[PDB]
Amino acid sequence: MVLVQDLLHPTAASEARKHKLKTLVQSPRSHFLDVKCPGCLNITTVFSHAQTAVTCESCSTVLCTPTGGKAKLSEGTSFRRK
Amino acid sequence: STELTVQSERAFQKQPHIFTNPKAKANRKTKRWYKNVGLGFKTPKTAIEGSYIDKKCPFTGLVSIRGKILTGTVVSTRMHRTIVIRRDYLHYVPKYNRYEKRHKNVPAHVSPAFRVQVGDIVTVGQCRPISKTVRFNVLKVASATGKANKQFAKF
Amino acid sequence: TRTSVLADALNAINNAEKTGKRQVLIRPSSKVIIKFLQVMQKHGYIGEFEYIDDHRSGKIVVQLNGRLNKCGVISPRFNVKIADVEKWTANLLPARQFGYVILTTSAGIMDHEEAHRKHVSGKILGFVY
Amino acid sequence: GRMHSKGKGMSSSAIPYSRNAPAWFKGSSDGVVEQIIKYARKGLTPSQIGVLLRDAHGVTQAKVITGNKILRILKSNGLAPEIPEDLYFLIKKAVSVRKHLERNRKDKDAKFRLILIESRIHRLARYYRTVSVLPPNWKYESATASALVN
Amino acid sequence: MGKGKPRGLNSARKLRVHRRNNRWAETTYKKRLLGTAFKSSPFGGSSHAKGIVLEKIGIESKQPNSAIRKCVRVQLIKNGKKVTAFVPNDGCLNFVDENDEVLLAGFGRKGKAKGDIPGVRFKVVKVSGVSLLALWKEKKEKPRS
RNA sequence: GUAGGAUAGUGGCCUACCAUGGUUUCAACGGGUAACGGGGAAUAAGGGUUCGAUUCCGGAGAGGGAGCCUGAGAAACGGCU
RNA sequence: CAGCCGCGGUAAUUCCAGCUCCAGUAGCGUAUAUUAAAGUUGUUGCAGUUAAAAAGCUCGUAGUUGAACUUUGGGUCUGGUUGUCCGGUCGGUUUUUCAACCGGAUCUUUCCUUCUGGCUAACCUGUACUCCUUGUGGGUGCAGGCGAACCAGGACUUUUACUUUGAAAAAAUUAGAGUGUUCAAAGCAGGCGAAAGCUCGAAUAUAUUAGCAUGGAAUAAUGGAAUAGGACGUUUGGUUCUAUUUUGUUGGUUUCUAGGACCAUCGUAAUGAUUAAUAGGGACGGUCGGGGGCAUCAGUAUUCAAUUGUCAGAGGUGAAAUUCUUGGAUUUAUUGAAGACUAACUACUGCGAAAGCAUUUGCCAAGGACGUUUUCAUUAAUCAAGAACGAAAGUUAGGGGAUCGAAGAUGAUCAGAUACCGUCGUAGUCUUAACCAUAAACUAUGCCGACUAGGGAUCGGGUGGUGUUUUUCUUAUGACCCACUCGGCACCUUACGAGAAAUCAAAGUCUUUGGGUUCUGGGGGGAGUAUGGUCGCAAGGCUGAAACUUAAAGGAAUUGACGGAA
Ligand SMILES: [Mg+2]
Ligand SMILES: [Mg+2]
Ligand SMILES: [Mg+2]
Ligand SMILES: [Mg+2]
Ligand SMILES: [Mg+2]
Ligand SMILES: [Mg+2]
Ligand SMILES: [Mg+2]
Ligand SMILES: [Mg+2]
Ligand SMILES: [Mg+2]
Ligand SMILES: [Mg+2]
Ligand SMILES: [Mg+2]
Ligand SMILES: [Mg+2]
Ligand SMILES: [Mg+2]
Ligand SMILES: [Mg+2]
Ligand SMILES: [Mg+2]
Ligand SMILES: [Mg+2]
Ligand SMILES: [Mg+2]
Ligand SMILES: [Mg+2]
Ligand SMILES: [Mg+2]
Ligand SMILES: [Mg+2]
Ligand SMILES: [Mg+2]
Ligand SMILES: [Mg+2]
Ligand SMILES: [Mg+2]
Ligand SMILES: [Mg+2]
Ligand SMILES: [Mg+2]
Ligand SMILES: [Mg+2]
Ligand SMILES: [Mg+2]
Ligand SMILES: [Mg+2]
Ligand SMILES: [Mg+2]
Ligand SMILES: [Zn+2]
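Residue numbers (full-length UniProt numbering), protein chains in the order written: chain U, 1 to 82; chain X, 2 to 156; chain Y, 2 to 130; chain Z, 2 to 151; chain S, 1 to 145.
No wet-lab data here; the hints were simulated from the structure. Wrong hints could be hidden among the right ones.
Derived Cβ-Cβ restraints for the label pairs, each shown as a range [said to hold, decoys possible]:
(1) U:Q51 - Z:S97: 20 to 30 Å
(2) Y:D54 - Z:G32: 23 to 33 Å
(3) X:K24 - Z:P136: 53 to 63 Å
(4) U:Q51 - Y:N70: 48 to 58 Å
(5) X:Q8 - Z:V134: 39 to 49 Å
By construction, the Cβ of each residue, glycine as well, lies at the ideal position given by its N, Cα and C atoms.
Could you build all of it, start to finish, from the sequences and the hints given here?
What follows is the structure, given as C-alpha cells:
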C-alpha cells in the first residue's frame, strides 16, 4: 500500500475484500446455485440473487425467496454451486 | 412549397426568345431550352423533364452561376420559390484565443427542380441579384432524403 | 462527467510523483494517453507501462522513475501556428534547453522539438518539465 | 452522480470478463430468442424478460449467448412497444403524480417530484427524437400523457 | 476547481461579454465611457479653464495643520459654473486681486481635494495674462492694472 | 413572387396583382458615441491597452436641406433654381 | 510648502533669503489625458470560510463542455544532411570507415479514388542472336503486352474544424541589408576610369482576422448496412428510357446497340449492431427514514366555566416593591369546551432540493442508499430566458385566543429613563384560505469530476464467520461480537500540499500558473439610495446611478491596557 505496491498482481485476499468493481478487472461474486427441490428430481440453475419468487420448472414449489442480496432458499432445500 | 399550377399569373409566362412552333409538330410541343451550369454540377432531370418557367432558375432561365459557391442547411422554406439557408461557422478572437459560434443567413432562390425541406443541407451558387436580398441560387440539395424512406422502426 | 480523461490521468501521475510512489494506476486509458506515455518513455521520464484489458474501456499501470517533475496538460487543445510554439514553450517550460510540449498533429502525437524537425505542428496536449 | 438527487452512489451490476459463453450453461440461442418473444407477447418488458431469464434458467446475458441483445431481438420479431419501456414507466409515474396532485391540491414536495419526473421524461423524449424512434414534433406531457399511457 | 471562467475552445464570445461586464466596475474606464468629465467636472474634461475672480475667500484647512488657505471663488467662462481655486506661494492672493480673469489648472489628483484644503480643486496659474509663480519671483513684472 | 415601369444596367429601385413572410438572446430592434473607416500612432518581455481630426488609400460635405442644366463623368456649390 | 507622508505652536535640515549642494541640461517644470507599473480587469493571469465577492434552495432552454473503441506493429531497398576520416587538396574542395536526422518507394491478411481512351516511357519480353577479353560487359530491334512518364474526359465525392507550404495582405510606417548626410536624425543614393568612358544599386522580412491553393490525417466533431428499399456482378427477367450512327435526305415506326434510371430474382462475401464508461436513465429486489399530503390518538398542559371542599391572604419580585381577593380567590378534587402544541425520548443521531421535518395509527404517492451475470445505448455536466419551492413576521380574509406577548397601560430606580426589572396585555403568536419572496436562509465554504495519509467509531445497505445467546429438541428468524465492504449529517500529527493567519485532509494536486461549468467582486463612503423599469393589496422585492466625498475601510493575528468575565 505504500510507495512500491507492484499493482498488476495483488494477493487474492485483497481482491476479495474490495468492491465487485474496485479490483483490477470487473468480476462478479454472484453464482448460479444449481438447486434441487424436495419434490421432482430435476435441477434448477438458480442465480443466487433471484429478484423473483423462484418457482420450479413447472410445479409451484417455491425454491428461493428474494432477499435484497442473496436469496434465502425456502425451507429444507438442497443446492449445488454454479 | 406552392408550385403545380404552371401558367397562373395575370400575365402568362414562357422561356423568353424560345419558341413552341405551332407549324412544326413535335411530341413535346414546348421546346424546353436548358442550361448546363458547369463547375461540376449536374442538370437535374426535374428541370429538363418538367414544365415550370422561372427567370430566376439557373437551369431553365437567364441567371448564370458565378463567383462564390456556398453551402448550408435550410432554416425556412416558407416563402415562394426561395429558401433561407443558415450558414453556421466559427469566428476567432485573439485576445482569448478561442472561437464563437456565429450565424449568417442567405436567402437563395430555389428552382422547382429541387424539393427543399427544413433542415436540408443545400449547396448554392452565387449569381445575378435576383431580388433585394436574393443574390444566390440553389444548385444541389445534398440531403435528398435524410431518413425519409427509413422513418418507421418496426420489422 | 469525466471530461479530459488524459488530463485526469496526468493529474493522477503528478500526484503519485509528489507522494513519492514508484507506480500509478490509471482507469480510463486512451489512445492519446498511451501516445503521451510512449513519448515520455522516449524522452526518459517513465519506466515500463502496461495496458490492462478490462474487457471494456482500459486500465493502465505506469512505472514512475522519480524523474518526472510535472506532467502537465493544457486545457482546451489550442491551435498552434508553428511560430506560437516557441511562445508556448516559453510560457510552460523551464529553460530554452530542456523539457517538452506534447502536441498532437497530423503526423502524430509528438513533442515540440520533434514537430519542429518534421516541420509540422497542430493542437497542444501537455508538457513534461 | 445521479441525475436529480444529491445522492452519489454506485449500486451497480458488475459484468463478467468473458464476452464468450460461460461454457457449461447450455440450452440454445434460438430457444432463448423464442422464450423472449413469448415473454414479450405475454406482456413482459425487455428488462423484465432478461431478469426472468437470469433467475430460473441458465441465461446470463442474451448479448453473450445469442449475440444480439433483447430489445433488438424484439424489434426484429416485431414486439418492441411503440413507447420504449423506461420512457413509458416515467410517463406512468408522471401521470400518477399528477393524479395525486389533483386529489390533494396542497402538496408541495409531491408537486416538485412530479415536475422533476416531467423534466426527466422531456429529456428522454428529446433523446429519442434525436435518435429516431419516437417521431418528431411530439411532446409527451400531461393532458395527452394519460391518453398515451392508456 | 475549473475556476469560474469557461475554458472551452469555443467559449470566447461569453468570455468577452464577461470582461465587458466587469469593465463597468473599473472606475476610470467607466468615467471614460460615460463622459463624466464632459457632462460634469467644472472644466470640459480639459487641462485648463479661464475664469473670472468673483471674490477672494480664505478657507479654513482640514485638520492637523490649521490655517486659512487664501482661495478664490472663480466663475468659469465657457460653461458658467462656479468653483474655488487655491492660490499658491506667499501672498499671491494680493497679486490676483478681484474681478480679474484667472487661468485655472487642476490641482493634481484627477479631480478630488488636494491634501488639507477642503472643497478646493484648482491652482490659479495666470492672473490677467502673466503667471503667479513668475509674479512671486519678480523675474517678470505685472502689466500694470 | 409574377408582370410591367424605369435605369447605362442588376435589383421592391418604382407600379399593379398575389402570398405572409423577414430579422432576433449566435443580442434583432432601439439608444449613445466628446465615432468618418483603414493604413497606422503611443506604450512595449509574452498577451495586451489606449489613440487614429491630421502628409497615403477610401468615403462623405461645401451655411442648411432640396431640385436640376451642361457634360463621357456632377445631383458640382471658386455652376445654376 | 507639501502628488503622498507631512512640516508650522520660539531650538523649523520641509516656509522665506545668502552660501554651499544635488538632479537634468538648452532644456526643465506644472496641468490634464493616456500607456507602463496594474496578476488593482486576470485568455496567458486575480480573488469569493473570514478582507469586496457562492444566487436561500432545486429545476431548466440557449450557451459552454463531455468516458474509452476502429491500421497497429515488423522487414526490404532507396534520396538526402551535417558532424566525422585525411585535407584526396591551390583559408577553401571530394570520397570513404562512420553517424543521427528528415524523407521516398514498397512487402507484410493491406490500395493511394475508379474507369473510357489517348503514348504504353520502359523492358516482364524474345523476334534474327551476337558488334564481340575464353563472358549474359554490350543493342540495331518489333506481333502478345508490365501503364504512373504524363494528359482529357467521365463517374461521384461524408462534410467540416485544425494545421502545412504557397499565391495574394498598395506605398509610407515598422523590422531590416547596403552605403562616410563630416557624425547622426536621415536619404536612395552612389562608385570607379583614360579620370576620352565604364559601373554596383535601389534588397529581404513581417502583417497571422476572412477568401483562394495544396499537402497532412493525429486531435475534435460529423456521416454510413439493423423493416438492410444495403453492397457488389457471369445475374437472368423485365420496366421507363435516351438516341447518335449508318440505311440518298426530310417526317416516322421498330431494331441492333451503347449510356441513364427503376422494380425482380440468382449468386458473391466472415454479408451488416464496438464498448456496455466504479457515466446516465429506467425495470426488478429487500429495505430505510423526526422526508411530504390527507386522517386520527395521546400527554395533556395551560385557561375560563361548572359542581367540590376548606376562612387570610395568594400573585409577583432582581435585589426590592406595586399589583389580586375572601361574599374561601388561591389551594384540593372531578369534569366540560375550545383552539394550540406535540416534552421525556433526543445523540458531534436520521431524513429532506432547501425552507424544513420528532405522540398514534392508517392511507396516498414519491425518494436516496443498497443489491443486480437486469435493460436502453450518449440519453451526460453546469447553466443567462425562465421555472418550482421557500423560516419568521407582515399582509388580506376566516377560526380561536391559554400563556408569554411589538403596541399600550403602569411600579420602582437614577440628575433623568414612555428602558431593562416589575406587573398586566389589542396584534398576533397557533391554526385555515391567499399573498409576499426576503434572512447571520451561514458550513458566512457553488456545482460536477478525478487523484493524493493515518484512525477509529457512528447511521443505512451487504458479505463471511462450526462465534455467542435466544430454546420449542437441530433450530430458523431476531440481536449482538468480530473482519471487510460500500454509504451521509463527524478527531491527531506532520505538512512535503495551502494559507495573511485563525487554520485546512480540503480552504490541497496554482508563477512547476490550463479537468469541466454557473454565478459573483474590484479602496472606502455617498447607497441598496436617486432615478427609471418591473413585481406586488400593501409593507416591500428584484433591478440599480452618478455627482460629491475621503486616506484610509477592512482582515487576521502580537504584545499590552482594560472588562459590573471565570
Ligand atoms: Mg459516482
Ligand atoms: Mg442537474
Ligand atoms: Mg494639529
Ligand atoms: Mg424586373
Ligand atoms: Mg475612431
Ligand atoms: Mg462625428
Ligand atoms: Mg483617419
Ligand atoms: Mg470633431
Ligand atoms: Mg483624404
Ligand atoms: Mg462656415
Ligand atoms: Mg450642392
Ligand atoms: Mg470657395
Ligand atoms: Mg471644387
Ligand atoms: Mg532655522
Ligand atoms: Mg491598465
Ligand atoms: Mg484583486
Ligand atoms: Mg464576504
Ligand atoms: Mg450568501
Ligand atoms: Mg439573500
Ligand atoms: Mg473522446
Ligand atoms: Mg529602422
Ligand atoms: Mg386570561
Ligand atoms: Mg433516528
Ligand atoms: Mg413524543
Ligand atoms: Mg434565473
Ligand atoms: Mg405567518
Ligand atoms: Mg413586558
Ligand atoms: Mg414608570
Ligand atoms: Mg466603491
Ligand atoms: Zn416440477
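Status of each hint after checking the structure:
The hinted window of 20 to 30 Å between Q51 (chain U) and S97 (chain Z) holds, with their beta carbons roughly 23 Å apart. In this structure, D54 (chain Y) and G32 (chain Z) meet the distance hint of 23 to 33 Å, their C-beta atoms being roughly 32 Å apart. For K24 (chain X) and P136 (chain Z), the hinted distance range of 53 to 63 Å is satisfied, since their beta carbons lie about 56 Å from each other. Restraint check, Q51 (chain U) to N70 (chain Y): a C-beta distance of roughly 53 Å satisfies the suggested window 48 to 58 Å.
Between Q8 (chain X) and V134 (chain Z) the CB atoms are about 45 Å apart, so this pair conforms to the stated range of 39 to 49 Å.
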